[PDB]
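Given the coordinates of chain A, work out where chain B with the ligand should sit on it, guided by the hints.
Residues per chain, in single letters:
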Amino acid sequence: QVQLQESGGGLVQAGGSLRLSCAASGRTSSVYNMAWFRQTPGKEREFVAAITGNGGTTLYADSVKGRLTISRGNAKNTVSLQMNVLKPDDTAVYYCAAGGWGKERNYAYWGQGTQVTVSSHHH
Amino acid sequence: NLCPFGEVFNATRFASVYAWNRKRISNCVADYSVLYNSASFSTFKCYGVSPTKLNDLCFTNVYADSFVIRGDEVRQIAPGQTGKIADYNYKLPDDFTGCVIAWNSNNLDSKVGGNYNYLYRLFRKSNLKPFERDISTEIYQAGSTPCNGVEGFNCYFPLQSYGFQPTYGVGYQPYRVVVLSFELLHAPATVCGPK
Ligand SMILES: *[C@@H]1O[C@H](CO[C@@H]2O[C@@H](C)[C@@H](O)[C@@H](O)[C@@H]2O)[C@@H](O[C@@H]2O[C@H](CO)[C@@H](O)[C@H](O)[C@H]2NC(C)=O)[C@H](O)[C@H]1NC(C)=O
Numbered sequence: 001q002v003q004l005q006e007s008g009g010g011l012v013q014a015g016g017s018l019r020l021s022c023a024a025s026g027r028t029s030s031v032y033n034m035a036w037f038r039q040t041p042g043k044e045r046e047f048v049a050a051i052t053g054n055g056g057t058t059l060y061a062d063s064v065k066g067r068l069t070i071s072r073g074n075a076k077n078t079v080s081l082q083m084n085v086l087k088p089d090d091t092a093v094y095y096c097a098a099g100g101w102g103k104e105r106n107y108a109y110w111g112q113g114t115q116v117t118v119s120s121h122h123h
Numbered sequence: 124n125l126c127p128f129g130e131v132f133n134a135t136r137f138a139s140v141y142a143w144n145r146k147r148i149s150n151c152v153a154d155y156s157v158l159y160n161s162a163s164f165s166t167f168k169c170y171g172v173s174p175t176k177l178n179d180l181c182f183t184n185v186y187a188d189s190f191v192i193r194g195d196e197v198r199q200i201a202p203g204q205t206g207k208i209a210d211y212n213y214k215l216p217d218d219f220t221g222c223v224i225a226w227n228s229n230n231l232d233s234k235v236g237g238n239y240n241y242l243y244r245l246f247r248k249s250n251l252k253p254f255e256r257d258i259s260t261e262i263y264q265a266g267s268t269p270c271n272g273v274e275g276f277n278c279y280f281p282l283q284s285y286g287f288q289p290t291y292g293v294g295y296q297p298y299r300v301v302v303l304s305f306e307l308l309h310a311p312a313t314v315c316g317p318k
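Chains A and B, in that order, are what the protein sequence lines are.
With the numbering used here as the guide, the letters of the first sequence map in order to residues 1 to 123.
With the numbering used here as the guide, the letters of the second sequence map in order to residues 124 to 318.
Hints listed in this document are in silico derivations from the structure and should not be mistaken for laboratory results.
C-beta atoms are modelled at their ideal positions from N, C-alpha and C, and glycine is treated no differently.
One thing to keep in mind: the hints can contain errors.
Beta-carbon label-pair distances, calculated as ranges [said to hold, decoys possible]: (1) B:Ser259 with A:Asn54: 53 to 59 Å; (2) A:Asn74 with B:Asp210: 56 to 62 Å; (3) A:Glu44 with B:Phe254: 33 to 39 Å.
In silico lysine-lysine, BS3-like type, Cα no more than 25 Å apart, as pairs [to be verified]: (4) A:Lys103 with B:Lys214; (5) B:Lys207 with A:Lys103; (6) B:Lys248 with B:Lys214; (7) A:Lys65 with A:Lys103; (8) B:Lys207 with B:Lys248; (9) A:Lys43 with B:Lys234.
Okay, chain A solo, but in the shape it has when bound:
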């Protein structure tokens, strides 16, 4: 059974950088395209970034271009997402997905997600 597991979420301060990771588990002979989506409470989940099986092509949501980088990890079906200059509205559950391409929510495999909560002070 192919399953995805995210890690790296938690409480982070605005401005900070954060790396999330996802690893596939289960018996497979495929190397998948892998993607990140995010979901805020009450809203639909939205595409963030995707990378092809060999790491050579990436796809970013226009809103995050220049601030986020997606990369393959060390094992076959692992992916990393580094987010910089975090903003309060980056707060969301971040889901890993695998098997597919593009920005629609129809990838074959999905993780259960990891929470990222961004805090800020007001003076």
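Just chain B with the ligand, lined up with the frame of chain A:
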């Protein structure tokens, strides 16, 4: 021996259509009236049999195939149909003898935010033969370059998820489907109505 139709229709979990489940029914007494007197179905369409006559008939084998698709795909579960489900996932023969039964399962199979467990095949090098099942997950070669099982340019994962949400319109909602095939061979008929 009573035929185990309840195990099929009332299963807690249903298969994805690309990996449709098959239950062989043989050598048992079937009370089809629990089906044809039920008010629970959105589709109950038969081919080659009258459902109200089912308790008077005997067959060699009965097969119960079951899976989930979206409501506007139920029309593809019929002889002579084309489309992604009929062509790449579940195919009925032109000479089908059987019944196709479906019901809206939005309350069971949809999830706020999406139920991604149900999948369908979107790409395939050829159409399924009738009652063929393909559960392979090989990367599909859309171009002239071999994929080597690596997804990427012109190399696609062949399944996609339905992602059912309860607020989707009815044509996009999940429907549970059971296909009953009534097979009479040149052989004894051991699946019978009550006597
Ligand atoms: C699928 O199950 C329904 C519901 O079963 C009832 O509730 C279950 C929790 C369990 O307690 C069963 O024993 C109950 O019967 C079946 O629907 C019933 O069918 C009988 C005929 O045998 C009828 O008298 C009842 O009125 C029906 N109940 C309802 C709520 O409709 C149904 O027969 C099962 N399907 C198959 C194919 O076996």
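Here's how the hints hold up against the structure:
no.	hint	in the structure
1	B:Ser259 with A:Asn54: 53 to 59 Å	violated, 22 Å
2	A:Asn74 with B:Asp210: 56 to 62 Å	violated, 40 Å
3	A:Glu44 with B:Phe254: 33 to 39 Å	holds, 38 Å
4	A:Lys103 with B:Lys214	violated, 30 Å
5	B:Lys207 with A:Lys103	holds, 21 Å
6	B:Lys248 with B:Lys214	holds, 15 Å
7	A:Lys65 with A:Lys103	holds, 14 Å
8	B:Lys207 with B:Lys248	holds, 12 Å
9	A:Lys43 with B:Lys234	holds, 14 Å
Violated hints, in rising order: 1, 2, 4; the structure is consistent with all others.
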